[PDB]
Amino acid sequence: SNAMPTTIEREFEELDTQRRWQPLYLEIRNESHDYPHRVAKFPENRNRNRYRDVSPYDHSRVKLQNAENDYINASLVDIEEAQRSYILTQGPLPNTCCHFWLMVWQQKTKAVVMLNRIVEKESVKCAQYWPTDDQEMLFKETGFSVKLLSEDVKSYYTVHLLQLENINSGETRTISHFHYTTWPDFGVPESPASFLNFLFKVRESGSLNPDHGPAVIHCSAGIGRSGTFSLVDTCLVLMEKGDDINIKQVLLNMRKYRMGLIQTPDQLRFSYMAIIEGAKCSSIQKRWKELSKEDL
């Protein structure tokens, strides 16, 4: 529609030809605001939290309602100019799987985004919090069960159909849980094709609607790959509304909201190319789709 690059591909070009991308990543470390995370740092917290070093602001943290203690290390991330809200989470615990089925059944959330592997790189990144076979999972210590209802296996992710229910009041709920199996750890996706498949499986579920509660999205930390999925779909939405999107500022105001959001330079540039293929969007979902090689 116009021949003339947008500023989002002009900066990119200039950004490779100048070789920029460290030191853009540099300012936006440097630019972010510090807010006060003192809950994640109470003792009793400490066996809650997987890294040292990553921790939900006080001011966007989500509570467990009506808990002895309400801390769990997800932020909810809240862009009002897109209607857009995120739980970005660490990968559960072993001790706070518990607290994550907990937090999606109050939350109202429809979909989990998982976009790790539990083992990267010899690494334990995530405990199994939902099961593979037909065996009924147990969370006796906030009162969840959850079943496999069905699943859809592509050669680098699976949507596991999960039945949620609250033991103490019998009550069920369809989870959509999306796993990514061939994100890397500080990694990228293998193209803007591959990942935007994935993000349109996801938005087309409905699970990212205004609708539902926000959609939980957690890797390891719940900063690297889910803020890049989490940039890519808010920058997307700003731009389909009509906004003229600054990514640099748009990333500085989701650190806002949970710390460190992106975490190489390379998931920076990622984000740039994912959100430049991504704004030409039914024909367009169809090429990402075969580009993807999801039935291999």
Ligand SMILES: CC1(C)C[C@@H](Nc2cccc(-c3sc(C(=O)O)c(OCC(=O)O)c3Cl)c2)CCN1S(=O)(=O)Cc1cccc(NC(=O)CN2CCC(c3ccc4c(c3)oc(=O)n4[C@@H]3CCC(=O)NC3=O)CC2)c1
Second form
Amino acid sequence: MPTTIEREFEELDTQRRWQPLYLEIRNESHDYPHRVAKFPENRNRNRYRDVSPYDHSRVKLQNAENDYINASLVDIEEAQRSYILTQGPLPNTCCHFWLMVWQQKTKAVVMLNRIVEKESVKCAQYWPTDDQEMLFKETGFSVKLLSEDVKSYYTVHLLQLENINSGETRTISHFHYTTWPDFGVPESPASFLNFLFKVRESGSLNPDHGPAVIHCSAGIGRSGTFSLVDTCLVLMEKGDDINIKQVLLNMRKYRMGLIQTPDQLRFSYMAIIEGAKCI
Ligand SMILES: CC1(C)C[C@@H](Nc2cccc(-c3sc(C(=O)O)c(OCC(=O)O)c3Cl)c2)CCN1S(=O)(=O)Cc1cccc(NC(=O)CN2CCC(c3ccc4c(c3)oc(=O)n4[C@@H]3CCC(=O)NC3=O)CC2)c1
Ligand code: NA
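Requested next: the structure of the form solved in complex with the ligand (the form solved without the ligand having been shown above).
Let's see the whole complex now, leading with the same chain.
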């Protein structure tokens, strides 16, 4: 017998109402202060003028004269899973990015974009593609590529993150989804879910390590799609009955504009329906 979400999907797909449902979510989303993002000193720390962390959820860089990074802590209590969503780092904010990864005790970075997409640069090359050490002098960190695992539609890089100021080093799993087009969707729910399950298997979404860092270019479209599916499946695994629109609206209180297109919203539902079948 069809589930509630399955029946919802069927009616939206047969009446072609994804586009109206998406606009309803934009209309029902709540705006919050995001004033720090607008300080003149933070102008060069934002990739997109219209995409800003909220002041009540932004990740703060500790012990820094300027604590600002365009990154949001998304903390759904019912899920007992918190994530950081951030933009693709700029050349001048790669140093802040790794500082945040260190301070947050992050174990996994999930990167959903390619560096160059639709004839523009979406993200700085913030990790070594070769054996040379990548140095971030502004915050005192160095990154080395230890190993790579190239799969058919994604690559996992094992990165060694060195805090030069404390001597300590940590291994970071860098999960690079290389087949997710900008403003588009993954090739299939199955391939998306296989990737999500591999991120989960690394234990890097558990409450024992720090929050995983998810990013694309703006940190809201593909990153929001990936987060909505992961959060809804986590809530479904706990046995609580969810409404996808309400979960997305709740997640939008932590970071504005999660899910950029009706097709992305549609894909979320599809992946959640397929994920529920595994559960
Ligand atoms: C963030 C943005 C800006 C991002 C933009 N996209 C975008 C931009 C830039 C780059 C990119 C890129 S570039 C890129 C790449 O790769 O290149 C990417 O990546 C791609 C990939 O990855 O695929 C991406 Cl992505 C994309 C899309 C849009 N949003 S947005 O939608 O979120 C904005 C937003 C934010 C927050 C919230 C809301 N919505 C509301 O506020 C609705 N309001 C709610 C209250 C309601 C009310 C008001 C008074 C009322 C009332 C109800 O009730 C009452 O009583 N009252 C009063 C009370 C007082 C009184 O006395 N009487 C009354 O009646 C009205 C409606 C909207
Ligand atoms: Na599938």
